[PDB]
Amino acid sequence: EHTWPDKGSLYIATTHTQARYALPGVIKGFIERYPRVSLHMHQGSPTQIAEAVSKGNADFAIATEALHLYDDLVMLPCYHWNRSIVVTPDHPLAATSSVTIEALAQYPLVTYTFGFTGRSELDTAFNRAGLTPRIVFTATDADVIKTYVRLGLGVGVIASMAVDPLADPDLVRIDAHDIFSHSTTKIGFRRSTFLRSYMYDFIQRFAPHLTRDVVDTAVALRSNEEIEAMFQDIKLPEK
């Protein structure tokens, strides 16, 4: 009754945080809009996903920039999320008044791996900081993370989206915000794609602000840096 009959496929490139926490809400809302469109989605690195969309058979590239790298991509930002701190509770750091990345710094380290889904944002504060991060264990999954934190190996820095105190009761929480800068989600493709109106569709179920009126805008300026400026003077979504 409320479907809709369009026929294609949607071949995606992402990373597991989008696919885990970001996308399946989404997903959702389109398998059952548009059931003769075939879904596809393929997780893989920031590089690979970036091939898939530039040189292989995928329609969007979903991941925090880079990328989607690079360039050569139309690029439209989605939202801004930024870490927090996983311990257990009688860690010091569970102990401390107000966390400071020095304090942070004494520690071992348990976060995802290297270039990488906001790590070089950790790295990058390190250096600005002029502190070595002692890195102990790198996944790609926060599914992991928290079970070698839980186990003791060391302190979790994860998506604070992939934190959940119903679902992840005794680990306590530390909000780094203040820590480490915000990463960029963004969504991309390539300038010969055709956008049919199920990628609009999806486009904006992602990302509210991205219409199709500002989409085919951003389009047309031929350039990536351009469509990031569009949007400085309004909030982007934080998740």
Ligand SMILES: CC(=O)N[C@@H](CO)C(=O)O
The other form holds:
There are 2 protein chains.
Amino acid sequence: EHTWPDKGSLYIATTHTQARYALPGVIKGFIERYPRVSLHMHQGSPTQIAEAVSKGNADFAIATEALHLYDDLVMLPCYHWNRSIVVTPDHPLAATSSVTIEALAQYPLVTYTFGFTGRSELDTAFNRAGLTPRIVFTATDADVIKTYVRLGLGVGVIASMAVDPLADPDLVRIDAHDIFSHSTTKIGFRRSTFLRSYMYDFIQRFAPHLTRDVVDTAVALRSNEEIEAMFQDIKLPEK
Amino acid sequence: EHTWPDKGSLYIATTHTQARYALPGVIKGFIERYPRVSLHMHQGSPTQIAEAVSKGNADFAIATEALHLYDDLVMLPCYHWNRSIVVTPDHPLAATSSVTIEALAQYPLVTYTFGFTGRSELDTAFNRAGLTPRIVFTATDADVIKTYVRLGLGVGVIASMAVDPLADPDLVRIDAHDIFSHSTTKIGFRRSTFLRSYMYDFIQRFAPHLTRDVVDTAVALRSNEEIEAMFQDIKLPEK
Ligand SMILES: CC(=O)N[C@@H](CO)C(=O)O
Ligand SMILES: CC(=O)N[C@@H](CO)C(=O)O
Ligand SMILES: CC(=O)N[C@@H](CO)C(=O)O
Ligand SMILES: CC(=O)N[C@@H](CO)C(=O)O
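Let's compare: the form deposited without the named molecule is above, so bring in the form deposited with the named molecule bound.
Complete assembly follows, chain above in first position.
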């Protein structure tokens, strides 16, 4: 068929959100193409993942947040993303349209946990507005979040790609584009790492703008600052 | 209605499996009963959770695994549980009936991650049988596991309570009672922690055998060994 005889290994250390909503499509198309490549996927917290990759079990690091601290690995930007609001139909916010961050700060919150950017761009959203949010639930999975929202435990704040009406019919989705700054999902990998052809192909599928010539140009650069100062002129995918 | 005016707080640090399949029922019945109790649920890794509770942010610790290392907190046993095998209909194991651990060690594995008992009683299942399992996927969520099984990435090994035919119709469930030793979900909490009445009620809902007189008897005991040497005569719930 349309397969490559490429023999090698690919270890990906990523988070739950990426593994659940962003990767499944890329992974299937990859394994159909590279049958002789042993694909490993491990998950996954921004601290470990940053750990597993710098030294040195995983090849690539797919996460939003804390990678750096590690200055060791090249970083490329994959997409931007922002969170939506999920509530039950009986909840006030399902009646009110276009909500502010002050109106949201009234209710018990059900969001991500500390260490994940779904929060980090959330903690400094209230800090800035001089607000203290009542967060009664923190988790890494949005399904668990969406679960406890249905119980009427509190208002849910999850990634937009984690909520779908076919999948989630009983919940009212409220876009929070303006309320929160968008988060940037990146891909991390050491410089010593020899980039195989299937690795470029994977990066391509996950981030279309990251073609082979683009990756090589960012890699050869001194630091990750020049890399991020290379993409400020281009509009990355928003999901 | 049937509510209590009890005012207080309840912080639960638990894992994903517990929060997704074991707790939702208990949580709803609790919040309906204690409206003036601020219920907080945070998740969750056996190391943190053990951390958040010993010192000292969370009141209770609901996890299978590594709690101890902390000798600080009382432990009570809640239930036993074991894992099942999930595959696609086209997979050989869907044809073969009653599989051994040697027949399972043939395939790429999609199970939990290191630090979670879904693995710990899995790593020493092959070690013992003198076997090396090919684990190509590790995660904390069974939904992600079940997801990548459908891609034909490998054979899935998840908790039995995480698989249901209404919920998961396309996957073939294979019970592994004999293959793996059952894991024990426990509840952890410091001795300094004053046990409120609603706390006993919660423990009761999560573990029926743990009535107030049973909890007090285990708490007052020297160590957690006497506690586990108090329940070897009783058959705990298996889920
Ligand atoms: C179609 C698809 O899989 N898209 C991913 C990104 O590639 C997402 O984030 O939704
Ligand atoms: C950590 C996680 O499960 N999800 C997001 C954060 O919301 C990510 O860091 O990719
Ligand atoms: C009915 C229910 O919620 N049972 C839990 C335990 O209470 C389970 O483990 O399935
Ligand atoms: C850690 C997790 O998500 N689940 C189980 C382990 O399989 C538990 O420790 O309770």
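Under this definition, the rigid core comprises the largest set of C-alpha atoms superposing within 1.5 Å between the forms. Numbering follows the first chain given and starts at 1.
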After a rigid core superposition between the two forms, the exception among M41, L210, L171, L69, its Cα shifting by 2 Å or more, is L69
